[PDB]
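Just the one chain here, the form solved without coenzyme A (COA), laid out as structure tokens.
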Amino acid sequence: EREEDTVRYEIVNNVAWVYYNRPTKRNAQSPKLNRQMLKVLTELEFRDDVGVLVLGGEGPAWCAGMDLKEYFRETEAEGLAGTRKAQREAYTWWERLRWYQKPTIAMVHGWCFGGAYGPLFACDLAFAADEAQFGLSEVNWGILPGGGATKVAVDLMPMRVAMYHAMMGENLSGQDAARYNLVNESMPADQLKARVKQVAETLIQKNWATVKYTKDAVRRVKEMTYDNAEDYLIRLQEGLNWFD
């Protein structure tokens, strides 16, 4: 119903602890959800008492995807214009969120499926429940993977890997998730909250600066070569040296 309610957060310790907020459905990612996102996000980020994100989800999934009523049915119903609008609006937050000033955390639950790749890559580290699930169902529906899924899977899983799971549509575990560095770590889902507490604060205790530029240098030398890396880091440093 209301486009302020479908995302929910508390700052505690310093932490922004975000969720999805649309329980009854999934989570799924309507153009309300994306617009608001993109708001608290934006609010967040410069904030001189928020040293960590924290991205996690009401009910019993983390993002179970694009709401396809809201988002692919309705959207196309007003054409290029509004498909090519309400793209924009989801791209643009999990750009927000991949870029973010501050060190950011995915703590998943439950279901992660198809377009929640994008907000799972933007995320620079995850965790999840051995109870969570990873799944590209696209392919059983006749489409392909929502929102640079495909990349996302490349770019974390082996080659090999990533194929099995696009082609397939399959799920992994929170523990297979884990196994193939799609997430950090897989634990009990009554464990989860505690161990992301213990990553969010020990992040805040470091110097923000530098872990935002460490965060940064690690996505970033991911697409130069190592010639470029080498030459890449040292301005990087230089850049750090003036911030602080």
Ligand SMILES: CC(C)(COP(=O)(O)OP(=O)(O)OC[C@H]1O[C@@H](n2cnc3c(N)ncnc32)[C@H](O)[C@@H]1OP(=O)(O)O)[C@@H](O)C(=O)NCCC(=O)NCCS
Second form
Number of protein chains: 6
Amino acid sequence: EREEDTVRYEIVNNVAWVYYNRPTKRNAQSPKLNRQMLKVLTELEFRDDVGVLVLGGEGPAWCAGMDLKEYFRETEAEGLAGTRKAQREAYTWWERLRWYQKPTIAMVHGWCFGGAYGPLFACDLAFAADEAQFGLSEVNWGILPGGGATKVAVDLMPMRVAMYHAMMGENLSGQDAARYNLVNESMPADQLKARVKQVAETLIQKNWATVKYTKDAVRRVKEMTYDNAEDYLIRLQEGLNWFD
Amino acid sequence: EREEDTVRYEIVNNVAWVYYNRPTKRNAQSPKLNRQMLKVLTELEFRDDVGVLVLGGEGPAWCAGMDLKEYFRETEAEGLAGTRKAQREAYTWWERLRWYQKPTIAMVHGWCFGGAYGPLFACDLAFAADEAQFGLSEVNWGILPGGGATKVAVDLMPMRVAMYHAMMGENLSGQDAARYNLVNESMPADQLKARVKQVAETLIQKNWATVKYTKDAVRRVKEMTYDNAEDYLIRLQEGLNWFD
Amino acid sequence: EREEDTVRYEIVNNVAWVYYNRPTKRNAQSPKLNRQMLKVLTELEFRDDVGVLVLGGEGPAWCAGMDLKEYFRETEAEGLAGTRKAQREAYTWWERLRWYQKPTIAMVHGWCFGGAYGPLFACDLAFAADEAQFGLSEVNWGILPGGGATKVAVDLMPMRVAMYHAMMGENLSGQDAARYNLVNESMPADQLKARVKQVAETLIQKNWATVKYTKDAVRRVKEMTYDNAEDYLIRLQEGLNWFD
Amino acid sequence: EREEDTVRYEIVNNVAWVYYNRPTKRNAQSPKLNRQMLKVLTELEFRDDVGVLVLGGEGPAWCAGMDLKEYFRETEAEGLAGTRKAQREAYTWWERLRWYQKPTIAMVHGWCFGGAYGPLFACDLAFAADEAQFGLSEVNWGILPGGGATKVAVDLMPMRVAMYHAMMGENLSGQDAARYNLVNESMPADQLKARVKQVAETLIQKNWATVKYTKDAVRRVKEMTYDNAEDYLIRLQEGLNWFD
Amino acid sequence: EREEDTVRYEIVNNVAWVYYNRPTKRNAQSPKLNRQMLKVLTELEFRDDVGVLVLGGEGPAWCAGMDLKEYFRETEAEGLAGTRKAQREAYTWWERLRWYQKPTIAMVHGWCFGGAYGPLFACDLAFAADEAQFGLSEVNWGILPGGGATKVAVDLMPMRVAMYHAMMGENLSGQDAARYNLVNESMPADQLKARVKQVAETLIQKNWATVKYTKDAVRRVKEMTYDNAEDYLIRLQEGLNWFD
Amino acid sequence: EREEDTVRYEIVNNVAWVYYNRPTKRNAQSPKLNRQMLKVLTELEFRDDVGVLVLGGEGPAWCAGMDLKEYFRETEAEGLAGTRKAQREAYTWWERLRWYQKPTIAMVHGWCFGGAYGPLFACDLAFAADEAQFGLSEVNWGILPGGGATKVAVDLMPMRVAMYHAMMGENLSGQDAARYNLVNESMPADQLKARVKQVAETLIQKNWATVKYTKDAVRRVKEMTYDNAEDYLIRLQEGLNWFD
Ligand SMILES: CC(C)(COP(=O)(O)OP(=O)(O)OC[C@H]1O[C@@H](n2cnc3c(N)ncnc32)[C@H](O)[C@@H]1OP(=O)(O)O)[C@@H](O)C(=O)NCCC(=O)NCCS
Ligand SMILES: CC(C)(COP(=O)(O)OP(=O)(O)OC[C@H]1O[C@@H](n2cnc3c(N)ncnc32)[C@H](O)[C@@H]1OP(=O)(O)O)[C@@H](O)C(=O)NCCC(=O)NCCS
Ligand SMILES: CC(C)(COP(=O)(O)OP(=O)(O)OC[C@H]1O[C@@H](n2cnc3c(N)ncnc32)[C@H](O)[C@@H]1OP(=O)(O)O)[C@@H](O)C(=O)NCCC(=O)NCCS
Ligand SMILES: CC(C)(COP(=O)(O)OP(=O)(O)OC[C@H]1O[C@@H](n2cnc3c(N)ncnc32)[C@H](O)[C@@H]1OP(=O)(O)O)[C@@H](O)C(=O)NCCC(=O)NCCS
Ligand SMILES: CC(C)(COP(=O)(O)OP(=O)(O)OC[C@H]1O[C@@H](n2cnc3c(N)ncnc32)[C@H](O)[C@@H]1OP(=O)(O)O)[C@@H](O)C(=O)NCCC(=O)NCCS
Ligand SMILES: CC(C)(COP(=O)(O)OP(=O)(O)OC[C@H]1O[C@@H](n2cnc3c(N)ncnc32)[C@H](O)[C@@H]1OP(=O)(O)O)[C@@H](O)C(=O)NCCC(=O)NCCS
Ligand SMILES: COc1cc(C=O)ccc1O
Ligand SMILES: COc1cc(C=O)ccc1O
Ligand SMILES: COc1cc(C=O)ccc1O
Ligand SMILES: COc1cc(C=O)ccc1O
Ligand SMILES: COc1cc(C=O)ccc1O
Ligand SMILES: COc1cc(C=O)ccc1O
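Rather than the form solved without coenzyme A (COA) that you just supplied, could I have the structure of the form solved in complex with coenzyme A (COA)?
Let us now look at the entire complex, which starts with that chain.
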């Protein structure tokens, strides 16, 4: 219903805990959530009291993907302009998170489906509950894994695993999502918040600028030859010398 | 001896079971097999009663690579024109399978060596017998892993694993080929046909056009930046809207 | 102190055993070691009695990265010319090893930190002691993982693993470095020299030219599309036909 | 003064004629202009009566670059948050223009410096007056040609010409701009509008969907191998068959 | 009528002069011509008395594009199988030409439209008459410039020029084609054959193996970084040392 | 005879005028010249009184390519070790020049053949006399255009022009070299030095750090997508803000 109620956050000891807040809608990404998520991310990004951002979810789902009703059906009733406006709101906040000034952590306690793979990839690190389920179910409602989700599967998991995942639309457990490197680690649900909290506290003790440059370098040198990446990392360090 | 006897198939319930059929020659890819495989693949590809193609082998080998006598020795006796004609027949059917209209499955019960890595990679999914052996033995007869096999090892397995595999010419078991993601899964031989049959039946229940676009997207977005892959998947879905 | 004492070697039965020789300095890469390593590598490379090169270390470390005093502090006191001259000495011997005429093996018994990742990557194969520790500690002294180390982590390990490794500056054990494919294998320290010796003896029994072309092809086809890699491997084999 | 006055537009014969509207400030790109350009472009893009958009300038400038006061000095005063907010507003409208639903034409009658190169490249076609002047004067102000302006130079002009243009900070005339393919055509100032009207009028008589898929194809296949581009153009036509 | 009559050739002074042979149909590419061109090219390629191949056209056309009746309408009538069979026949002969063993020359005396761009690009060199006309008229028929023709435009001509050529569907004269480097040279129709004879005659006096490795190098190093291209050209010369 | 005499230089108004100094041997690149060029370049690069380096030639040649006696015949006599040692010495100084700290200008008054293309490309700008001659005569000697010379042709000139240049081994005049953008400008021999002095003199009046970051940007963004290039140029300016 209300746009500013679709995302909630709390800053505690330099950690921004951000939650998808449509628990009864399995935190489906609707245009209202997409717009409000950008608003919250943009406001938190450069605060000197935010060193780490954790993306969680309320209720049994982390994120059940895009809102079938509000993101797909309602926007397409407004024609191409409607579809484009809605796509842009989704892609824009996933990119804001992907290139965030502060280190980002996905805390995935529950269902992570489809369009949730953009935000999952956009988090630098990811920690899952054993009980979590990850799935590209798009094939199972007759569409391509969109919102970059095909590329997310290919950039994080081995090619055979990614192909099975996208084609068969079966779910991975938390432990399988760790084995195939969709996430960093899986543990029982009741240890997950303590582990994420520990990782956040470790990052805030490092030099914040050094952490920003390092996470960026990791994502960027993926799309370079070894030779070009060598020179790139020298130019980055000259940038960090200015910021530090 | 006879060109049309080097490959056999059977279509049962929308699954094309295709077998390398030179069991006494460990299903060596000879020019006769290469030509006949293209003929069989081309005829099956667009039949409305074929939803999935399974590539198996007769006898103890899946495929022991290229025929040393008929593919290498005899063709090179015909000079460059002979070598080129033979190369083209091999590369052409591997590409036909790589970009097949229908989902493809490798059922690897036995030996998979050398030139078999092109067809193995060209199958979207791969299931192995624990007893199967995978090897790049080229180094062990003084040649580079050709027919794209070096690239197959690098595109599916981690770089260190690929380097050991190509340089040392040692065999991986089925279970090791699963661990290193050369295949999706390994199981005892006597469960392998039941598992492959189950996977085929699951794919034929999906929208066939959606499965084609998804498998293609997986292979294609490997060779794109994240940013270019995002737009690509939007253009693909517009294509699928036309086909569906 | 003395430049020619910072690296030692011994050739036994066609294996060059090369050691970082600053044990009391945890084999820190100083400009003296960088210069002497290039001298030793260049002299060994084309000897007909050297078929394999093993890179080890004296004392408890394999390589604790760059010498904080002699590589960073002292060179930067000589301004940009000093920094550039020192960088060039490091990058040049890592590249000499990366593209070496003979197969290369890292025997990592102990600490491998930071700037050691260039040489580790430049070795074709890598074998670790269970007791070995691998770490990008740069973040923990406020710099980017330089000397290509970010790219090394991204080229060998899965993206999530690489991101955690670079951002958190925690150590991987030998067994974890094997699991994540930073190295080929981990075993107890007291088996490591016997295993490396076995692998070296296996490579020297192969055709030396075939091993050189294969290791190069593995590294090169990483940075090509599948289609361009297919043609590339044909051109390489024409090159090997000339050398053999 | 007023954000809403920094851009104006008129629709004539289903052509949107859009103008930088800060003539006394040489249509420098201020945050106000950047936010208003985005608004205007977003509002016109999916209008069924707008077939083509022309970007022009009031006064003796087309666009003299970024506003050195409002984009650089005033935003840096607000530290990194202010700089990033201002960069995002600039990059976002250049990108909206670069991927516009409708064909785009730059009508360059006068000065085109520095940050104007983004918008210049983001236009599909570009027609200059002979008395127009194009330059990357960045080097003379002691900064790199930013806002992608160095890449615009390298993507449009021969590498020697881009190198001279960027390093010497000297202006190209409309005639030289046309010679080095920064623009399509140069003509006397008094023929410029009529040629642009003619071109816009020819485009509007084509299938609008076809012109959109074509201009996107041209831009995209530049960052693709020939082989990948052949498949891509088939995927695109499948898309267009849905959209027509 | 007859498939065998759609292409003719004559060998003169070890030059194969090959001609599109449907002059009354403006040498449009029908499936029949596509299958016969492949046959002819395959048969001439490894003849020890053919040093060079020239592609020409009978009648006022070089090639007016794909046969709108036989390639598009008649094949779509046979649904997707028919379309794919017809596309494969076109793409396959363009590719055979693009990677030909012998140097290739387009002799463009008249019309060169649309699908003719494949064969145009597949020729290593291209000489036009001044009265020749080149265009991508696709946009005026409401389709994308397919058959790789959009990539041919972007690969040969400056991006502004490719953009105008593709979007406006207007023709370039032989003189403008030469100016924008779609062809090497333009000359009056009555000098065309003599210049082509001269060029073919100069090529045949070179080491044929050297000319083949050189034209392939030029085409390949375009899709390589400078650094990767330096190593590649050394690998190529090792190949040529085997082949000479 | 003497290694130290193969290169000379004079500093005038903070411009290093460096000359190939084997005029009787058409400044062919011998190992001696290769080792001495590196020495000279390394020694001048970080001098606070050298703002610009110009590369010229004594005698009627700029550089006629590699010394066929000292670089090819004498080194091959020492087998593979000798060939690799000689290649490394050539490639190493071209690279030092290509990434020089100071802006670089080729002053091409006469012959520029084959292996001279490395140094030609490694210069940021290039000014030719009208009576200069440029060619890849490699094909006429039966070798591929090596030393990256084929890539230099493809990177600087339109693909048709590179193809003709490489395949026909015919010379371009200074005027045609300027037309196809192998050099910036061509002028009568007696105006050449004065234009070069003027250009070097304009560069020295700029912020030297800005000119270095700019010329490197131009070279680097050519091997980047537009999207990756936009981010890269921001990272570079952060670097320059440290260095200024
Ligand atoms: C996530 C899921 C497994 C949770 O199951 P559950 O806990 O049993 O929840 P239910 O589906 O019974 O109901 C949850 C509510 O959220 C809604 N919902 C769940 N996923 C949704 C989605 N992706 N979009 C919109 N609404 C969604 C349901 O319609 C229901 O709303 P309602 O009760 O007011 O009608 C299940 O809802 C699901 O499969 N979601 C779809 C996932 C998907 O296909 N994603 C693709 C988008 S890219
Ligand atoms: C696959 C293999 C392990 C099976 O071993 P096996 O079951 O004991 O079979 P054998 O080798 O004893 O004999 C099988 C028959 O197939 C032939 N054969 C096996 N692999 C072959 C190959 N790659 N090419 C041609 N013939 C082959 C053998 O010559 C023999 O023919 P014959 O009995 O009529 O002379 C073994 O044949 C082998 O190593 N093959 C070579 C694999 C290879 O090097 N591939 C590289 C090609 S890219
Ligand atoms: C490798 C290491 C764990 C070994 O610990 P240890 O066995 O307890 O050794 P210590 O640090 O107590 O002392 C070893 C000696 O080597 C020196 N040393 C260790 N690593 C060094 C490095 N990277 N550069 C320079 N000197 C180094 C120490 O200063 C000490 O010298 P000293 O006793 O003469 O003063 C530890 O030395 C270390 O953390 N090294 C730094 C690793 C690093 O940060 N690398 C980044 C460079 S890219
Ligand atoms: C166009 C130019 C070459 C000379 O033209 P001119 O007709 O003499 O114009 P002027 O320099 O007198 O114009 C100055 C006025 O325009 C404004 N102006 C021009 N370019 C501006 C810019 N880039 N940023 C902010 N204001 C600018 C000034 O604020 C000033 O206002 P004023 O009239 O109150 O003094 C000169 O204005 C110029 O070099 N501008 C900057 C170009 C540049 O470096 N662009 C790249 C930036 S990314
Ligand atoms: C060349 C051209 C500009 C005018 O030349 P012209 O001398 O007036 O030629 P015509 O148009 O009278 O030629 C028509 C005849 O050629 C045939 N023809 C020409 N181009 C053809 C094509 N692309 N497909 C099929 N047939 C074609 C027609 O079947 C017709 O046969 P007909 O004589 O029995 O009527 C015109 O033929 C043309 O535009 N052709 C199509 C160009 C094109 O769009 N190519 C891209 C396709 S990928
Ligand atoms: C410049 C050229 C076209 C004719 O110019 P010219 O004024 O007639 O010069 P000459 O051929 O008489 O010069 C010959 C002398 O220069 C030397 N020379 C010229 N080019 C040389 C080269 N590439 N390698 C070694 N020596 C060379 C010869 O050793 C010879 O010495 P000599 O005077 O004792 O006989 C001719 O020298 C030439 O083609 N050179 C080689 C060009 C080439 O192929 N370069 C590519 C190599 S990568
Ligand atoms: C078809 O469009 C989309 C699909 C998805 C997830 O599969 C996410 C966002 C989209 O806009
Ligand atoms: C050397 O040529 C080939 C090698 C291989 C397998 O290693 C496969 C096909 C070939 O044409
Ligand atoms: C900041 O420069 C460097 C960093 C490193 C390792 O992190 C290695 C070599 C370098 O020159
Ligand atoms: C240094 O920042 C910028 C520079 C430019 C043009 O030089 C354009 C936008 C920017 O944000
Ligand atoms: C839309 O299909 C095609 C188009 C073209 C040229 O526009 C060439 C071959 C094709 O198959
Ligand atoms: C074949 O080796 C070379 C060739 C060239 C130029 O053709 C330059 C340097 C080389 O090492």
